[PDB]
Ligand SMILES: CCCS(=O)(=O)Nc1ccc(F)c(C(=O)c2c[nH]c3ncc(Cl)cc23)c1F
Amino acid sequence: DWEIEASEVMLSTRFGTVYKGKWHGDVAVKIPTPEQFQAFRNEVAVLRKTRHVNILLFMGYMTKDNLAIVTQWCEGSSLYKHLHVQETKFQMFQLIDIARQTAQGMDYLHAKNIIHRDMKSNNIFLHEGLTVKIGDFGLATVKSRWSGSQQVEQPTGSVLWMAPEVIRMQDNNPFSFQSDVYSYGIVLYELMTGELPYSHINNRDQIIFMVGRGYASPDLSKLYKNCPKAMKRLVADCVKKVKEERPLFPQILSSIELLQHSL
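Just the structure of that chain by itself now, the form solved without the ligand.
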């Protein structure tokens, strides 16, 4: 179907680190209970549902040796590496374009009832400095009529992009469209400030507690003066502490398109 014979895929470099390879060109491959098969199935099932220019292109799966998922090899760096490591100087129209393409892919995902659940600038790749590619669907899931019935496990990722209700873990399933929106709002903060949130806090458990308790939130005064007021409102609206008050991606797209036509 979409299965790849293990003898064809070649590995080259190194749920872990890197794994660049070669299967009909440059590709990216990934490294045992019925739970992990559900992990493979859920990621493969989500990936198989995506065919969009702003979504990392799933290409095939494997079973032999170690399980694997094959995707395209993006040429370039991640948005995280562009913003916090290489300090690539983007012009404001490029920053708004990155914000638009990301919202475009997210809107495509939600329209097919996909929750990424692990959105962060590390998982947004700038394919050749032009096209946003959203990747790393290892924690993604499809919304269903039993999602609230299942007890999710702790995300165990980076707390910087986790919505306060995802941190508190008081409900069985805190993830939703709005939790993806919050993560997207933090990505906007990175774009429109050049900094990660909570620069003054060098303590993971302090972030977990204060953000979960609502005692801490991104510092909006760090936004560029170059940043339009509509964009500043969009960041603030996306990181609202109240889940229901956060706009959905159709509203995000409308807001960006209006301020882009303006510019």
Second form
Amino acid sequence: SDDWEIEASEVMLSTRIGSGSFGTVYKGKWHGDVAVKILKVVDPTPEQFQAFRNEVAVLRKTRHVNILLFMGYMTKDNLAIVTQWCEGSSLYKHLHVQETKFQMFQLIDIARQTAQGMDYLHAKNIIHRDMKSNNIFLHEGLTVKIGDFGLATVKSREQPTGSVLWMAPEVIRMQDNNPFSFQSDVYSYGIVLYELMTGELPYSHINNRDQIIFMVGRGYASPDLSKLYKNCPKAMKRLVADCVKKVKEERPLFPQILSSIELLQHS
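Same protein, different form: I have the form solved without the ligand, so give me the form deposited with the ligand bound.
No partners, no molecules, just the chain.
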């Protein structure tokens, strides 16, 4: 194939980390610790084989310290992608399971690094299409790594896993054939910003996914910004609101988001 295909006898699968509907993530060993995402597909069609090598080609173009390091793929026995192993947990687990006590300067740093990675992807014409705090990993706690981008080619193939909490209204309504854009990614980044600056998920008082889908698509519901931390800088509060705006064209792009954070960081 190309020189990033990995032979299966070289990889030793260890423990099971996560398991969605589109695949399963194992910790493994391949010249040190590694992560293997194995796709739940036993009869991969010539069509799905091509979409996989296409999404692998996109993964092949990313080399950045805030993007999860692609390392190789497997296409014979099964469809899988091998990446670096992050020693910390995902940002979701930090904020919503362990409830780790980040300080304000660390929340801004996570925000800035995430924006740094997203800026890189868009500069390479990559749209994440599914950004949440589940997909942001803290390698050893200090540096964020963005993953679970790509394979939107293969994901589009009753009640599966996934979430609506990070979906832009234009993406929820799905009225265009392609509602995904740099600003739909900005909205998702905005919701991650909300998580960072409140400690909890949006729409915490609504417990009905179908209510959330309807209410957010109509404009009757939006993240409650009154729950932002009191120590949250007032410029950061503006940035949450700017990224979360209902209008797709009113949202900042990541060069501006970066600058907003960088000038804030100059205390």
